[PDB]
Amino acid sequence: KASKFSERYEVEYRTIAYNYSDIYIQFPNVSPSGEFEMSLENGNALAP
Amino acid sequence: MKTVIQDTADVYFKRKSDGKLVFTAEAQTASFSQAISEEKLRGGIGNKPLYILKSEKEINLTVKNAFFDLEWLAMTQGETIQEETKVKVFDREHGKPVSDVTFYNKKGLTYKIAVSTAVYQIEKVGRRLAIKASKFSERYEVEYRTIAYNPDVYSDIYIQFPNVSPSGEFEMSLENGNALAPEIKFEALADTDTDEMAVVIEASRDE
Amino acid sequence: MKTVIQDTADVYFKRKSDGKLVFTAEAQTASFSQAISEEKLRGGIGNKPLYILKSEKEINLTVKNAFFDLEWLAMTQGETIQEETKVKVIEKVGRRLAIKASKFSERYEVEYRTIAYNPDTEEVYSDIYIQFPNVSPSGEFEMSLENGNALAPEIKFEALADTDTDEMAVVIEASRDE
Amino acid sequence: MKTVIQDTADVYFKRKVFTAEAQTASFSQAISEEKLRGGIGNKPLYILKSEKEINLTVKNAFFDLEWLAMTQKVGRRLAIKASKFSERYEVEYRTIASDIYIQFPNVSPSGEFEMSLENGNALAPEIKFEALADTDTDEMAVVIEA
Amino acid sequence: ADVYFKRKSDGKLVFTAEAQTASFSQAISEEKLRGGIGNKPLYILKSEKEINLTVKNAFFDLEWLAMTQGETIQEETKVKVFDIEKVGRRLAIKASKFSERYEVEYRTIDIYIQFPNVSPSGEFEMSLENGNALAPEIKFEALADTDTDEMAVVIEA
Amino acid sequence: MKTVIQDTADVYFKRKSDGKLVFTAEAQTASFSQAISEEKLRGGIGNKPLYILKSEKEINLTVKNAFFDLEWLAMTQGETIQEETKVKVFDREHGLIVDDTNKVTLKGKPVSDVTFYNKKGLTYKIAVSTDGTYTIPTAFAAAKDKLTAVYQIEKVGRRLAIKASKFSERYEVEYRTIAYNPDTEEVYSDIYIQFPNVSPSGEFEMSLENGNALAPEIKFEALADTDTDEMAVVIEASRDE
Amino acid sequence: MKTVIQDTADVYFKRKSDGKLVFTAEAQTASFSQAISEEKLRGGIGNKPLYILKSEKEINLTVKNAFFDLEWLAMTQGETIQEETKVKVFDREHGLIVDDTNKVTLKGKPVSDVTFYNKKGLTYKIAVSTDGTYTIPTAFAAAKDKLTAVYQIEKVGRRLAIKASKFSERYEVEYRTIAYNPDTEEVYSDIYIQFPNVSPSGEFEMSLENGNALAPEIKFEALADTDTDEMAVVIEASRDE
Amino acid sequence: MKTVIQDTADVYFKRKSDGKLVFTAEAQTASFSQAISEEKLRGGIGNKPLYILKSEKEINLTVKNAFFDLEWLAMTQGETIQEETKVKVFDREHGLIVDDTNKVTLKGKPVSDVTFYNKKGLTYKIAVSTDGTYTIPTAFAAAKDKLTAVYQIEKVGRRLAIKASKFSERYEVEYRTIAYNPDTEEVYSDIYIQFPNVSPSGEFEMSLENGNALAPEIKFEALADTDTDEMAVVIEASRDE
Amino acid sequence: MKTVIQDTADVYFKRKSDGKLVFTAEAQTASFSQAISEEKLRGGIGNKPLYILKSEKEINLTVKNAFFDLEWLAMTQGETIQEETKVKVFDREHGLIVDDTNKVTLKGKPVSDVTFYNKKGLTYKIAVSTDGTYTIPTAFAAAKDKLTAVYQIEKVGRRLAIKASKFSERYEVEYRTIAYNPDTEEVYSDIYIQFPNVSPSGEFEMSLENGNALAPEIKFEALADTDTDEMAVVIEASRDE
Amino acid sequence: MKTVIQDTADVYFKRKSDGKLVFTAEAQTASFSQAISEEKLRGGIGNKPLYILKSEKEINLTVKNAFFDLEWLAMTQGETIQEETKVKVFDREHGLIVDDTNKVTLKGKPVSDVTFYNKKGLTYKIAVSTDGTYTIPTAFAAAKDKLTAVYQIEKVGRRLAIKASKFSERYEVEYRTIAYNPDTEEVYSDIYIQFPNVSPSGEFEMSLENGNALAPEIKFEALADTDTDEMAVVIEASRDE
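Chains as they are written, first to last, in the entry's author numbering: chain E, 163 to 181, 188 to 216; chain D, 1 to 94, 108 to 129, 148 to 183, 187 to 241; chain C, 1 to 89, 153 to 241; chain A, 1 to 16, 22 to 77, 155 to 179, 189 to 237; chain B, 9 to 91, 153 to 178, 190 to 237; chain L, 1 to 241; chain N, 1 to 241; chain J, 1 to 241; chain H, 1 to 241; chain F, 1 to 241.
So here's chain E without its partners, still in its complex pose:
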């Protein structure tokens, strides 16, 4: 559908110690931007 959306989301990623205490990355309110690209290939893996 064309737009017709106002739903919010939350994201949370993480990494590890390349400085005992890993960098846990919390995120506040995240609004989708509407940029989804999934290109087909001719012998490569499909990643959304």
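No wet-lab data here; the hints were simulated from the structure.
Take the hints with a grain of salt, since some may be wrong.
[Said to hold, decoys possible] Below, simulated DSSO-like cross-link-like pairs (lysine-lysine); rule was C-alpha separation at most 30 Å, straight line:
1) H:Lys54 x F:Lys54
2) F:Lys144 x B:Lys20
3) L:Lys14 x N:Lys16
4) F:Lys144 x F:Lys20
5) J:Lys57 x L:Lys163
6) A:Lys166 x J:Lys119
7) D:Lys16 x N:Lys146
8) D:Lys86 x C:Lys20
9) D:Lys88 x C:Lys2
10) J:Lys86 x J:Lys109
11) A:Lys40 x B:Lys48
12) D:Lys109 x L:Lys88
13) N:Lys16 x H:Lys125
14) D:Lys120 x C:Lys40
15) J:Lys64 x D:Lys163
16) L:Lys88 x J:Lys2
17) D:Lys120 x C:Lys219
18) H:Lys20 x F:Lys48
19) J:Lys54 x L:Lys16
20) N:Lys16 x L:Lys20
21) F:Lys48 x L:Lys86
[Claimed, not checked] Have a look at the derived ranges for each label pair, beta carbon to beta carbon:
22) C:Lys16 x D:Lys166: 24 to 32 Å
23) N:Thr101 x L:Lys163: 39 to 47 Å
24) E:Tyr180 x H:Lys107: 35 to 43 Å
Don't be surprised by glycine CBs; every beta carbon is placed ideally from N, CA and C.
Dock chains D, C, A, B, L, N, J, H and F against chain E, hints included.
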């Protein structure tokens, strides 16, 4: 659950003016580029507030074929092929008067020959297409087809593009048989019935 | 018929004023592109569309050569060519040229050559020749000479329909070599 | 006619200097244009005349004080304070191929230069200075061959 | 090269480490004027003449990246962890208090580049995947000292 | 309530002498302007105004449509449309080749005269020939020379004659537009503007240029109603019906 | 120290007839201008200016909001707003199919004649029928054809009338804008501009075609105050008091 | 029938004196405007019944073409364009070097006094001598210095001037454009706009600015025909004949 | 000597009565103009005589600024600045207490707080409501809508008044700009403009748009000197001497 | 023959007083406009327009150059220019530091007065001294404070003044532009336009704006010559000839 696609997508083009469904596709790659355009009205006072306005979405497609045929240029601007029509040609000789034969006087200068390396004309008639600056569009329909192999086949996906409007962007390089891979450009608009431009359909082999 | 065709091209240049047929040899790479313009009327209730108003059809020419030739920059800017001229280099005498603020005051013709085979038997099939109407110079030349790398001169061009036959391009699939 | 290069272009400077060996030398030209709108579409072409922009990209085999200062403990006294680009000069080229000589009358030394301080690689990226037309002969660039 | 920073507001010697790449690419924001006879070009002008600095390192420090954003380091702070609570060092992100001024000097092997009155910038970029390889990059802006009106000098020892 | 509009104005035209309701089209752009003028009387010391006034009001109406209609053009003046009638219009011929017999063949129907123009701008005139072939002196052009011709061709079609002597009748104009709420993003109301007893005024201008439409305009003069003494009415509706 | 202002001013009008302090809305622009009129006096040889009787110092007002409101036009012309007024307005119906019996049904409630148009164009006025089904002439169109209906229906809403009389109400305009200190980056002062004894003149103008900068324009005129003789006044208000 | 048009229009001019139907040109922009005036009779307690009266309808013509034509200049100043005349025109000689003897020569052939401008900038007047070379004082400029010289040279070309003599003769103008079908887009009907009597009017504005064409503008004024008493004629017809 | 200028020029102001040197500042625009008028046709066979009257030659000044200065508008309208003067202003508040109590307790200043507002389309007018920290205003229920409030605030600061007080101050204006040699890219000369015996005008136009700079604008007129009969002087010199 | 131009012509001026020639330099934009008066003849039954009558042509001039100097600034004000004259100009001094002895040293040559401004904005007036040491008041400034000074200085240069009475002289104007071939784009011809017996008019306007040149424009007025009844001639060349 889990699918991976590593094969080209087959397409079928049907003309919505005479019922001509053509181009059973054996392609090599496909394109799906899309974009969205929006506008916003500014506020006042201090830190300007926000007011929403109209927004639009755009979809762009490009089909690359293994083979090359004159129809790939004909369908961009709908014009009948002038098959068995007279042509005007002149090519080197490393038809004398029908070619306006020119002389080569070596070095870098030369002069003309009275019409009674040179240039001669072939006469094979054959197919001919003359491009004119008077053409708008021809109604078509686009439906994709891609089989998803299960990393465990898992599904067969067909992408339909109803209400597609032609938009021609063409570049050519045609000299000898190495690789051409013709490129096409095609635009779509919203449907008048269901207001849809593209759909993704998953399936299964156990049905 | 259905075949793949792409290689180096042979392109002539025909001047309208005099019988000039320069560049009767091979070129490094010759190709051209086509892009049509968009247009929309819009209006009425809200911003609904009413008409399309089809628009122009542009053609751009790309030509490259494996080497540098004096005539290419002689015809990108149509300046008069002089010989046996004393100039400061010490002093040397020879072919002289210069670029002024008003030049390329000429029109030319463009033709293409092709020798292609069938995609299965790999024997010559036809010579699809591309003919062009009167073309106008578009001088955007880029050169890069550092140390024995390459020359690859580049010349742009512009063209459109002719006065009476009003054709902006000619494509012909003929010369069946059988 | 048939030409080939197996050398490196040489650049000469004469203040209105630099008789040495360079590393890279290139330049580009671009002219803007607008399309005249004719009756019923566009039949009358009339490619309009506009600016003939010429830009230079020159870099020597090494980085020195004066080559960088061209754009604008005591030790060597060089610094940048304000507009100091103007220094009347002349550019002459030398490229045997018949030897190809290129000159740019009425140079206006300018510059928007880049640099980098890395863990290696090279130095002195390039010099990008501009030129203008002459008052008398209205010449901006000349190509000389012999 | 080796870079070290000093604060004019308070006496401290920090940032003393080995960097990977450094650049102070500038911008002139030039505009080209017109002398009209066949619209010939004449007397291009420049307006800004402003310099932007770049510096990067292959390590991450809690004190690092705290100059681009305005917030002090908080330690022994109670935070929520989703798998509980954890007590220790922490950092927040804000968009105010752009008032600190630093000093920039690069140890190049000897060319000394003195950069007085450098203004901090909040622009930073990263390119990392899962599992490490952060390598932060720091961007800085330079301003004239306004005493002798020097924003960029080049000195060789 | 503070409301924002987002659309054009619908135009309805009605003529007072009959019950016709032509031009129910959606139009493209509508606008109207109002100005106030008055005069006062002077007096004695200081040239202070005497505060005796003569005030009058007038309102101008402007509309714009993206389309063209013949009756829309005829709306301005007090004249009717004339149906299919024989008329005379000019025509041109291009790409004419003269044979070795200094003659040219014509594929048209000249009624008055045929004149030939050459590449050098020379002009030649000759009467219409029954057989369609014309004699050209060799001085004007030699054999195998390109030529062009211009003549007049009779045509049949509906006719309009703009007159500077006839003007009458009275009209009434109504407006319609949608109003958008700034919070719920929905049409809260709709606004109509009425101009009873509006006199048509002749100020017509259309531009025929290369590209883009013509957008013809018509101006109007509004007079107060003889009964209610009104020229305009502004009514705000609501979605409570 | 000095300051620079980039923000607009909150606009207030208070009626002078009664204690009506209203229009507490935010606009998108505001301005006022001051000009003088010179008459001079011819002198002679060419040094004409000798003595000038300069007078009539006047100040104009301008303000344009980013919202439309039926309340923000009554100051232009002295009148009230009539609510729940039964008014007749036009309407258009589309997609009206005709059966084989050449009849068309209507879902609306017409109060006058109904005009039907065929594919190309034709006027068919018919008196209102209570059944809602109207016969269609054979010459009008054939069966299985789409038609359109236009007629008039009553409506209820807030109606306001405009005349040329009763222009006596006076107002008081007060501005409010914030001043930014040039070298500390916070607010410094609040600037208020007041125009006592301002007379609203009528220069109404609007162009309703889309949502592109509606800007309802209201123009005012300042006049002499009785007991103070001060046309305008500006106030500097620092934030430290 | 209801259509949408956009195009240019070929415009023809035919002098009333002779049969000069020349200028079958392809212009760039053409337009015409019409306006009317009212001389109504209003008053106070008497004279109120105004008895509506119509007069003063004028036709204006605007023709814009993207090309330049000398006979278009001859169009509105009625005057025969004499060819092969002798006219002296100014010219500048640039890049002159001075020898040690301080005697410079000129490539051109001056007919008036020669003026040399140096780097500093001074004005010097000298006579014309048959030797082809001229001296220069040392104080004016030192040896081996560049000089600029300016002088007039007699040249041959066509001549036309503007005198204190107005226009001449009336002309026949006519427009010709096309119409596009709404849903089956194609050239539907040619539109012919005729004028029975028009007169030239002198209003010229050419800004010969580099990078753009001068785009000449010519304004015509129409008038009533003695027999038919017509302002303009509008022709439209489809292509089924 | 030939040169080009591309930048601004500082403005120097001095008073004739006393010796202040106010406004040694900079701006973005500072222009001055000469006005010439008259000239007649005086025809006869359409010929043109001398076409002059040779009088007037007025000089007008126009100076803007990049900052807002109270002394600047005080200077163009010479008056007295009232330091530490009480004034009245309006204010608003948005949200203090839940409205399901019919109890509102406004805070900050209680002087002349009246005329509350409804939240959709009405006027929640409390009429007079002045009371000591009142917490019981009833009016209408309006349970839980927004609240809304309008205040009147007394504050102190600078005060300026505008009136016809017959300004008669005389001034001196000096300019200073930098030239540029079109050959060596250096400032060749410094140009100064002298405007002795200049008086201020009464033109004051400014606007408060959404986002911009104020750029205040006042005009000055230069009168001929009583001794030298000069009003505009151009002086420039190079920095080589 | 059929051609257009897209280039700005060059300008040449000749003083008609005795022999002088002026402004042989390139310009950026040139223009000229031709206009005539308009009347109309009326009569007959029905007030039909029976004839068109208009005369008294007048032609204006316009030229724009991308360069500025006083030599052509004296074009509108024809007078001699005096060189090397003693004038008084202002000076701005910054970076003044006061020692611990509460005294400030001066660098410069003041002529009339020295004024001090503190950092906060307050202004101090002190008498002009010879040594350059000034005892600043303690309240105005203390030890180790940044000060600034402004004082008039003397300079020698070329000055130009505007007299109260006006003065103008007849001049000659010449244009020079080249035409382009219709199809092969060669320079077909050159175009020159001569305006004998013309005089300038005073409407100068220089905008001292930032970021770009002011591009001075000079306004001239054409006049009919009394010798052979002509005042505007345009000449085209022939590159073949």
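A quick look at each hint next to the structure:
no. : hint                            : in the structure
1   : H:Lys54 x F:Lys54               : holds (28 Å)
2   : F:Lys144 x B:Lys20              : holds (28 Å)
3   : L:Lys14 x N:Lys16               : violated (43 Å)
4   : F:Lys144 x F:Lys20              : violated (62 Å)
5   : J:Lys57 x L:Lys163              : holds (8 Å)
6   : A:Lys166 x J:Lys119             : holds (25 Å)
7   : D:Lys16 x N:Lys146              : holds (24 Å)
8   : D:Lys86 x C:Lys20               : holds (27 Å)
9   : D:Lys88 x C:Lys2                : holds (23 Å)
10  : J:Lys86 x J:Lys109              : holds (15 Å)
11  : A:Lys40 x B:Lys48               : holds (20 Å)
12  : D:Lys109 x L:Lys88              : violated (51 Å)
13  : N:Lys16 x H:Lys125              : holds (17 Å)
14  : D:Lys120 x C:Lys40              : violated (54 Å)
15  : J:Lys64 x D:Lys163              : holds (28 Å)
16  : L:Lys88 x J:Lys2                : holds (23 Å)
17  : D:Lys120 x C:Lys219             : holds (26 Å)
18  : H:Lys20 x F:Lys48               : violated (71 Å)
19  : J:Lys54 x L:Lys16               : holds (19 Å)
20  : N:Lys16 x L:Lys20               : violated (49 Å)
21  : F:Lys48 x L:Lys86               : holds (28 Å)
22  : C:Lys16 x D:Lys166: 24 to 32 Å  : holds (29 Å)
23  : N:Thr101 x L:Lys163: 39 to 47 Å : holds (46 Å)
24  : E:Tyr180 x H:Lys107: 35 to 43 Å : violated (55 Å)
Checked against the numbered hints listed earlier, the structure breaks hints 3, 4, 12, 14, 18, 20 and 24; every other hint is satisfied.
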